[PDB]
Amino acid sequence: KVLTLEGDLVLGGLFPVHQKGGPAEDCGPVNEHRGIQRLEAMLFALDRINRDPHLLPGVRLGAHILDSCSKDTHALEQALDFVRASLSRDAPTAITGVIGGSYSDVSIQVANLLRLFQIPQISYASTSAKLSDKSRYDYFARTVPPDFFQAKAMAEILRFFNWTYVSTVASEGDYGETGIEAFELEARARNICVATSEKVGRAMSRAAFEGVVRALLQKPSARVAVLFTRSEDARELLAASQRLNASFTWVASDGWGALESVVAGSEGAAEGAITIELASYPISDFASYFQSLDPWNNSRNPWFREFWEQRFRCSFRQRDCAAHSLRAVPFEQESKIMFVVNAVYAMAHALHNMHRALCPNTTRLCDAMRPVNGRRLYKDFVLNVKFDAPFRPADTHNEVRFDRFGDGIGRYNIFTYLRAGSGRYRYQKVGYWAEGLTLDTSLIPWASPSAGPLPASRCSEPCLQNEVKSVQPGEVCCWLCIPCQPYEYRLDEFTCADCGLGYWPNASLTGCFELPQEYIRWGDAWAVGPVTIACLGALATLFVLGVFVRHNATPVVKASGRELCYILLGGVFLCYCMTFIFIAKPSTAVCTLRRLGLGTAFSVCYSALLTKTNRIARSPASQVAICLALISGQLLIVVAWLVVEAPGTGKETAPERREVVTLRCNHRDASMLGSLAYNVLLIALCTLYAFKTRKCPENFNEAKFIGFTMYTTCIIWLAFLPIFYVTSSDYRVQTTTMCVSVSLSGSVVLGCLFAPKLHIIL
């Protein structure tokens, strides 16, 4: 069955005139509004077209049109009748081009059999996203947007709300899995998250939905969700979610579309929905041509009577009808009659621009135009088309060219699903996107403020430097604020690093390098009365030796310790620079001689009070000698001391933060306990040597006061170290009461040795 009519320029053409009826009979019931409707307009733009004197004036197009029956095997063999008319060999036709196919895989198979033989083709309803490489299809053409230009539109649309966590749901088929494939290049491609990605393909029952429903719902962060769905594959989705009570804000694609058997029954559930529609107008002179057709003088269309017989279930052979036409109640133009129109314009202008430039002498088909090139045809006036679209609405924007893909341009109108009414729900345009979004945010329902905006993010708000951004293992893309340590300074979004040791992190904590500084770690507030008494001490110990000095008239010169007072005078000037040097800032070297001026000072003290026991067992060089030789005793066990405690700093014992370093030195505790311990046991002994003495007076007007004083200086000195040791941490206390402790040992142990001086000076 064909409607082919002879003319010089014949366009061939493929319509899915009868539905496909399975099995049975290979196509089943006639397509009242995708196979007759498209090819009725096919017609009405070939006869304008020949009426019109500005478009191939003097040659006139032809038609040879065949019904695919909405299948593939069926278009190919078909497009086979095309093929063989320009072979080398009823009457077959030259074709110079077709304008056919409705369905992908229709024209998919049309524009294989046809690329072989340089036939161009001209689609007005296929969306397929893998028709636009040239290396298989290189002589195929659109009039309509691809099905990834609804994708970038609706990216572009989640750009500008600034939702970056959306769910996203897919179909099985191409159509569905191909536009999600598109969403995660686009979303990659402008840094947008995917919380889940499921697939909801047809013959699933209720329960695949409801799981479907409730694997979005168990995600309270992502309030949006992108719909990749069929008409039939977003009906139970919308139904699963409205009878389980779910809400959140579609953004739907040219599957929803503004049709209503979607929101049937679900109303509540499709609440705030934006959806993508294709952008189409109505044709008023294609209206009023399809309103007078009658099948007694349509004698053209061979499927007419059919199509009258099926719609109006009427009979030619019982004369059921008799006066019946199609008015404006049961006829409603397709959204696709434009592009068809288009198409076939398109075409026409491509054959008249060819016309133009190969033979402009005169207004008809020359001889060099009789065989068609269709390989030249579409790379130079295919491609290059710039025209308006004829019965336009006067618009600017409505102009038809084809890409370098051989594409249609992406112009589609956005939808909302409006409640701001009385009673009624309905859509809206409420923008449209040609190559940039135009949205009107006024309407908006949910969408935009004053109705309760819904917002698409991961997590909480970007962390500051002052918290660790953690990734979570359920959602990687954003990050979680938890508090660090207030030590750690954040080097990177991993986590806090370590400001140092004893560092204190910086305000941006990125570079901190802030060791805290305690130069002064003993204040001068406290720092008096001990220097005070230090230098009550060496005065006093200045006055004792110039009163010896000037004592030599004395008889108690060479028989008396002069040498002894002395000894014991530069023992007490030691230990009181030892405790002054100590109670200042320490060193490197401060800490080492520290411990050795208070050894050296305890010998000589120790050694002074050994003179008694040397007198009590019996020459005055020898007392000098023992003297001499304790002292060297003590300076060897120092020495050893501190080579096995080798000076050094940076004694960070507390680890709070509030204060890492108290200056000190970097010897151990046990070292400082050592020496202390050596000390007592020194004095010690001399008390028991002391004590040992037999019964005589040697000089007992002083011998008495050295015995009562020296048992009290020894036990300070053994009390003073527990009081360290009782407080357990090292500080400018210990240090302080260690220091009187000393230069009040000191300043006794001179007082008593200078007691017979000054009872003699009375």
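Just so we're on the same page, rigid core means the largest C-alpha set that superposes within 1.5 Å between forms. Residue numbers count along the first chain shown, from 1. First, how it differs from the form deposited in another entry.
- Residue shifts between these two forms, rigid core superposed: of 516, 282, 483, 302, the only C-alpha displaced by 2 Å or more belongs to 516.
- Comparing the forms between these two forms, the C-alpha position of residue 152 differs by less than 2 angstroms, with the core used for superposition.
- In the core-superposed comparison between these two forms, the C-alpha atom of residue 633 has shifted by less than 2 angstroms.
- Superposition of the core reveals a Cα shift of 2 Å or more for residue 660 between these two forms.
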Given for the second form:
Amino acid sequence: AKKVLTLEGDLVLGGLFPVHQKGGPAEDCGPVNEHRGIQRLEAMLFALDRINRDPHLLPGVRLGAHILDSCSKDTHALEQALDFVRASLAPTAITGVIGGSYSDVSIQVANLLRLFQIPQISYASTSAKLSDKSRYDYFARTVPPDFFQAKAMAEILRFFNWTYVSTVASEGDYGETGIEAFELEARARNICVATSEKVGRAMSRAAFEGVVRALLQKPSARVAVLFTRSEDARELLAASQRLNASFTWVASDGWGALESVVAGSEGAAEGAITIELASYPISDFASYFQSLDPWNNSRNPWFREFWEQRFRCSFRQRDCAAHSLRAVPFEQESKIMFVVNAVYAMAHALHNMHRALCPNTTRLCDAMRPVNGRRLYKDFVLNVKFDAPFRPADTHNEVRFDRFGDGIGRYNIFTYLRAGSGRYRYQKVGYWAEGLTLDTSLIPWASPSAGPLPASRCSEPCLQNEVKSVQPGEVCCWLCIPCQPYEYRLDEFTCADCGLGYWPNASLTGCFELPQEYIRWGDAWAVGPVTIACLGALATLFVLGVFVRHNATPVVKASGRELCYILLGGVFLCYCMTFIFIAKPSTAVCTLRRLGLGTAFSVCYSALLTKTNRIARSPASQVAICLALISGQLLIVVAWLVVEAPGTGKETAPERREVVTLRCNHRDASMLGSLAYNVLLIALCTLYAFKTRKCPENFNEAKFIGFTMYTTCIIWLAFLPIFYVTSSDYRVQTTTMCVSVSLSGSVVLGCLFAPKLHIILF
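And the form deposited in another entry, for comparison with the form deposited in one PDB entry?
Next up is only this chain, free of partner chains and other molecules.
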């Protein structure tokens, strides 16, 4: 139940075509293919006849033919291919086969013929696994492999800046390897895949609706990359139409320019960008095939079956008489060009070998009788750069094989557009031949409008102000969220928590410190402090002249002279700490300032104690008590300051609160307690003085001393509530501190010493 087309010649070329379709369990193979097998077989026969009549291609060597039928099955192809090897071991030896239309058939034939050194040139096998030479040492193909269209689609997406796309795959062999190839090419072109899924042949409409809904889960992915078969693409388009979803489909050769995929689904297929293999019709082959009838065609054994199947008649009757191929329309197969190219490439390789082995004779060479696949293949099959036969005029097409023995990738870019009259057509808008060239002027959505379907990304790049390191689960989605002013970012991945006060000067690196803060006011608030200092300076000058005539004055002479000097110095010390507080605090200024008011309360407390001694009751004892009290007050001062280490640098509120380094690091909590303890003792001493009934003696001085102590106690009891009330505004706290000490200094001059000087002066 097998037929063979066996022509005779010096060199015989094998052939393998899918003349019969798959039969199944019922029969080995049933219906006869009218386009994939018959047309391609006739194209090979026509090419062989043209070569045999070409004086410039094997003028003396006649090319034979040994064509078998694989019945579109790999096992049948393997069984049929065991006819070339038997001839190599009345069989006629061959120089190589030109056959293989299906990927599995070609793989099996290459596996069988590799062991016997038989080169094979394919015309339709685009399998991506036939390119590696580790398993197919003698395989070549004129058609490009299936991973070239993957990078073509990747370049198409890159050209339109469609980074965020979703890919739909197929369960079969065609539908996977292209998807991994496209994924590999996309990562090298900064293209991300949003959703990846597989579609099976047995899936019903529910599965297609589910996959459409899954595609719709990403609103930002308006471009769908389809790498599937014709039936799967048609079902997907129908499902999209039923759900009424809009997409910008990018499809491989599976869709191409076929009108059956868009049959009844033209609404949802608008704007699709599909790619198809580029080929041209052959007028000579069409003329040869049209003038073919069973009566004048005896070489082909399957021609009678093809005539019966195409023209529905029979030869047992006489109906197959009027029917002719010329009258009926004839559609040339798109891969006839590839079959002719493969046959001519094999013929050219044979001619080159014949010329190289012996240029003396044009007939079959004496040393060429043993034909080896290794040398012939490697030295001539790979190195062919001949002109394409039957090529049109205004085109430059060459037939060459690369270092994987594959064809040249040339694809046509097609788009689905609506015409003015409403007709839907596929029109070429570019091509891909080792480079992407699109006019971008004939695509319906390429016209200037409100966005040519921008599938930019999940989120717009955001680098001007905000930080773009936050992701929602996908590394490709690239969105920003602004950080608070307290969190200035020092890197592209996070926002540093250095603080808003240390704003970098358009640097965003290292959080450069801002020296501006409340350190010292030269003229903002120093005017008030100057008045207190000026008043204290005037008091010191008056005190210098007050004690100059103290010895002459009997009233001053009667009172203690040693204690009078420290009273002027104590009042002078009141404004001594005034300008220290106003000055800029530091590791030494604040410590000196802290000791400034520590001894300020000691001299006033000692003055009250000495005053009570005179009322109760000598100069040697009085100076000893005050010195001991001053030493005792300073005894705890030195011990308290070493408890806490002083320093510089204070933190405050963000957004340039201007409160940085307001005060030194030394804690002032202990200072408040130290002055409060001595205040009570001073108040108790003043109360004890009022208890004594020595009013008749020294009435003028006692009344002034008592009034001064009462005012100081009242003032001191009033400062405490306002310190806790504010709890902030260090500039205001410094301002109210300067006026506090000055008020104590002002009333110090108004003590009992003042009336004594007035009486002496007057």
